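This document opens with one chain alone, in structure tokens, the form deposited in one PDB entry.
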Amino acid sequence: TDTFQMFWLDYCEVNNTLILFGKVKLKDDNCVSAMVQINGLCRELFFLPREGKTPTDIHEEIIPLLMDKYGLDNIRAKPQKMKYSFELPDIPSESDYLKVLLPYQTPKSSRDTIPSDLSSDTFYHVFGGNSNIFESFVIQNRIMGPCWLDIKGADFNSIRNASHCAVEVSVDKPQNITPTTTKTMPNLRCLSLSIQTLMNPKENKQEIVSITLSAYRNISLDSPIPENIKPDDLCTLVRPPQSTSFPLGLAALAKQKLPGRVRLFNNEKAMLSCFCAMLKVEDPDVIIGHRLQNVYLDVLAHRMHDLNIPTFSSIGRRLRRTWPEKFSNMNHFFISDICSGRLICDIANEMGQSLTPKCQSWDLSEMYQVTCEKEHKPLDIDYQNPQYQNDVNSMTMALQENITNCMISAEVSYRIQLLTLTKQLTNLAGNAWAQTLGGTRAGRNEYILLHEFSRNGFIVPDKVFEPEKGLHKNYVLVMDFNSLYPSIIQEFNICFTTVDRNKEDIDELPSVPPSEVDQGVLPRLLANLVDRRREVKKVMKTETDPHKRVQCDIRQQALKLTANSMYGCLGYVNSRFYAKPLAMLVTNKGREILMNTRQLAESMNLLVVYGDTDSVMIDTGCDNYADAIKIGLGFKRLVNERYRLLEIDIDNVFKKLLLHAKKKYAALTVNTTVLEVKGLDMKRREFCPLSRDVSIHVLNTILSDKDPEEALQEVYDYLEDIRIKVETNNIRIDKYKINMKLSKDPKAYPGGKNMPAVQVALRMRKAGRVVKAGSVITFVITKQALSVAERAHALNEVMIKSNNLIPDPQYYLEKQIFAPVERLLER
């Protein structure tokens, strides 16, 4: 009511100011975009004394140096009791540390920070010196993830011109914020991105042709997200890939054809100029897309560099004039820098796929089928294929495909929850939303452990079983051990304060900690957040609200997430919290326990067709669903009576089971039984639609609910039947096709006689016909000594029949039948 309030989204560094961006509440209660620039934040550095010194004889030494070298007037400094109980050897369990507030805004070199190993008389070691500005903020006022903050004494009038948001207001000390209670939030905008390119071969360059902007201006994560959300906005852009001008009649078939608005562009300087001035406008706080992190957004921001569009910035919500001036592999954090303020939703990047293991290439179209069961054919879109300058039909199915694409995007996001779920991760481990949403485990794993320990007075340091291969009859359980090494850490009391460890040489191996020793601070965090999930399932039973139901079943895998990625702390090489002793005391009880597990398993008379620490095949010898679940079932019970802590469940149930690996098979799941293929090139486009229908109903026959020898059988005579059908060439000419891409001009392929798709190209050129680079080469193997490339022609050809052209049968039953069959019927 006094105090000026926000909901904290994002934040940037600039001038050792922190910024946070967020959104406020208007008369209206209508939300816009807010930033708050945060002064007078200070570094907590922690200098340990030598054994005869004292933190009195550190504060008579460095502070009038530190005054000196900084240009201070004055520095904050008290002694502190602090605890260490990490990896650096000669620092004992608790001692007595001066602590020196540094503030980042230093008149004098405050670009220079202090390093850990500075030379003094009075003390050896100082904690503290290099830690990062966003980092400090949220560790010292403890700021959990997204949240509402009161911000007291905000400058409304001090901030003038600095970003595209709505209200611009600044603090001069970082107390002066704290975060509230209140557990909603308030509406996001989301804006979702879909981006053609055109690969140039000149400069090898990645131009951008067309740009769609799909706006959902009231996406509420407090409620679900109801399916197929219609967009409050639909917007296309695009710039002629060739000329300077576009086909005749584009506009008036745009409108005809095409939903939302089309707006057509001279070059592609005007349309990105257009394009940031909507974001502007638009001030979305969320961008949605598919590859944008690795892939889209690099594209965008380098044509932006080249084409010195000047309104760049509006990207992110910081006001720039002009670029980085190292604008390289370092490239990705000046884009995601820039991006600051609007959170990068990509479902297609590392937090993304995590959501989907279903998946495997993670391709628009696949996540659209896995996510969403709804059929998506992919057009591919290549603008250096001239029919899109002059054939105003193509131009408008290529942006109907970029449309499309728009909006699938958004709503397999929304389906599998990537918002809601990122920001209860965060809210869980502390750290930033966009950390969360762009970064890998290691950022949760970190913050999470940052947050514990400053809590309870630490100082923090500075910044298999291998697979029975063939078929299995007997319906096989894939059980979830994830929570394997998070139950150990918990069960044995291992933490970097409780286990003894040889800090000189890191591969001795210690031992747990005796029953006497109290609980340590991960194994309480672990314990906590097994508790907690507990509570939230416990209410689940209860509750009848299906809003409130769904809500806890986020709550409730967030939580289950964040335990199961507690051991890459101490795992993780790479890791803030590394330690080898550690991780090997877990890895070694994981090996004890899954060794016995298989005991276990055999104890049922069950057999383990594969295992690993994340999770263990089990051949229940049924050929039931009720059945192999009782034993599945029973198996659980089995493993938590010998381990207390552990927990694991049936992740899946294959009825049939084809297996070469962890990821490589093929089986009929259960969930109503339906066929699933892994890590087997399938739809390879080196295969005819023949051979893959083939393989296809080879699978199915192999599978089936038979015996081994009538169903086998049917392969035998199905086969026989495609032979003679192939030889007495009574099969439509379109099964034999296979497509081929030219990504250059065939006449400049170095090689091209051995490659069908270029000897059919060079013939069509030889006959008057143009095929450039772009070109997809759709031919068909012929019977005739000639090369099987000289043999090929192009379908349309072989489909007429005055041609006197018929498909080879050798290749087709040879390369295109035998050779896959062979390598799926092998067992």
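In this text, rigid core is short for the largest set of C-alphas that superpose within 1.5 Å between two forms. Numbering follows the first chain given and starts at 1. First, how it differs from the form deposited in another entry.
The residue among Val512, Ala748, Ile506, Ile731 whose Cα moves by 2 angstroms or more between these two forms, once the core is superposed, is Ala748. For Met682, the Cα coordinates differ by 2 angstroms or more between these two forms after the core has been superposed.
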The other form holds:
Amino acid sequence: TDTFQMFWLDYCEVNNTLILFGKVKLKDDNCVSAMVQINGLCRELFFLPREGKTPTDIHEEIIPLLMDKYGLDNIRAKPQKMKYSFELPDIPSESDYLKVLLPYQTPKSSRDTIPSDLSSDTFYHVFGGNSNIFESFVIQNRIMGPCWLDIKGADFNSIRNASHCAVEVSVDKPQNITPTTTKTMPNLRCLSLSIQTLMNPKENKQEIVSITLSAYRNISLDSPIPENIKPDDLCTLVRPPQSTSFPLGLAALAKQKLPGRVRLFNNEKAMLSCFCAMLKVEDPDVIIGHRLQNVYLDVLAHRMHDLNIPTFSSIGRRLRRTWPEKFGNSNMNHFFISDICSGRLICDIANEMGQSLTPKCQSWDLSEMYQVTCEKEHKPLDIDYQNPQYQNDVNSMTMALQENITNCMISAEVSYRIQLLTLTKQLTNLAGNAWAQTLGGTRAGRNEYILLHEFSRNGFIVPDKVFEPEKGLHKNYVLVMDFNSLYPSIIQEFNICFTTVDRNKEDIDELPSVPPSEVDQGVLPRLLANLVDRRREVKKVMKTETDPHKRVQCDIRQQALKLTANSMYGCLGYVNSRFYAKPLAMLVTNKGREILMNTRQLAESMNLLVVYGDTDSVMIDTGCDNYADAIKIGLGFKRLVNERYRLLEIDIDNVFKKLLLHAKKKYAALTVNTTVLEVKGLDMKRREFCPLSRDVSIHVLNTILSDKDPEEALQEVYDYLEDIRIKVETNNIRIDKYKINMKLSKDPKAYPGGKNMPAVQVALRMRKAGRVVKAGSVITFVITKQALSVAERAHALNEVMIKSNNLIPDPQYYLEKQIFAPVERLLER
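Okay, that's the form deposited in one PDB entry, but what's the structure of the form deposited in another entry?
There are no partners or other molecules in what follows, just the one chain.
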């Protein structure tokens, strides 16, 4: 009742301070944005005494020397016993250190860090020199991801015009900030962004043509988000792709045909200026999109830079009048943009995190994700604003904007359906890192912080920053068994930890041995055990829970706990990990091979056949032709594996009634859920083949994988093909089915070997005729019969459809290159 309370979401570093962005509740129960500037943070350094020396000896040497370099009056320092258990060979298991608190903000040389290998006759190592300020705050104050923060001694008059937030305060010391236990959170303001660009061939520059903004101002993660939730506001901005003016009637047609507002601008600079202004006023907590992180945010940033947009900083929540000096270095561009966006969470459904939640996808194209996650179909329009029709054709312009609007709302809907926010929040609360790092990073970040918190809290010093596939058709049900928990069960079962495994820190290639049963449970195994235990606690509560809201919540919690545990191996296995330890990785890997090798023998002891296997999954031929019998075999195998390995709990992930297998991610099959056809890795190049070819291939699979005898079905195939061969020769198939699309990456006159490419020959024939066609143009053609080359015989579809042109499809080409070659692979085995 006397403290400033904020729910923190994101952060940024500046002038050796730490700024937290979050939300504050007002007297009308509404929540607005807020920022907190944190001063007084210090790096925690630990100086390691020399043989015979003490911490007091160290205090006498460096403290006075540190006061000089940094120009400090006094420096807090004191002896402290700390444990060490990582890869530096010359440091003991436990020692008395001198803990020195060195402020980030210092009068002198504040940007100069103390090296770990600092020369001295009292100590021979220094930990914590290069500490990151966010890390220091989070670890010292035990902050575990986004949560409510009690902030005492908040100064409401110190900060002036620093942010795009409604409330700005500061604090003199980080100890004034403590986390609360409150489990609920405020509603989030989400803004879905969809951007349409244009490639300027002159400068090879990506330019922005339009932007759609869909606002959802009350997304509550405390309850499930309702499907097909409608936006509170929808607006589209657009500039002319070619000239300074749009086609006539555009505004009247927009109001008539397009949902939400449409705003027209005379140029891109004006458009982007309005965009920034809208962002500021909307003040969203989350920006949702598809491929924002490493495609469109880059384009957006550079264009605001190119066009010198003064209000560019409103993409984030800190106010800057000028860009960073070095903005313009390849890799550094990522940091600058991420830094500028600080304050607003980037919810990208198609980045690494987004993909990890949607393993059933293959391309992660927007329309594909929409199909997989929402079971809805959207046929994507290929909009090319280079085409001249968009400068005078009002209907084309309108359809293109509709495509943008649709994509914007699809991106949002998908992000909610795959529960990208709640899952990432839970993952962040479990690992103790930043929500932004979880949304936009790899697993390593979570892996890193979960250990940083775990070890630091128990007085530890942390480090400074397969079975080849059986190719063919499998007639018996094949089950895919999930072995994701393999490594975390090994680490737990054999008590493998940085603190338990005696290892030679000189030669990291030397294989160590697991600790004897006498050794107490280590930090890493205990962490895993706790995660597994809590997961069970949740699943127990679920069985009883009646309320669908709380139940759905439990399922999210349960998932997060699982993902956290199954990512732990990365901590010690990933080469570039802060906690990388080769002796441990090898130790866990070898035990993993044994278990898998023995898992094979176990399968065979039940008269099962291992079709494929690796550390993540094992595929088993059940030998049954019935779902029930297959599942029972599957569970029997599950029980058998657990009896031999008490901590290894595998499960059935995929059920294949039939399986045409080539590799782990290259197969066709009838999956059960209601049987359904599923193809992976064999649907790469659909574009190069016509509808007839794709209709043939699909029909062939269906019949082959059908529950019909393998001769009658295979005869049904020949009766089908032969019939297709006669229909092609007599040309009694729709001309549509022969069509082949091909996009031009470069201008037709500059295509090397154009004489061989049918699309180019047809494109050039349009030029010499008169019609215009450039790079990016999609050529639809059909190979015709009359020696003339295949490319020469290629003609535009619309031409071939006109009977009076006397053009017919060439049987030779379509029977050999379009029907034979593809099938020659389908029926190889």
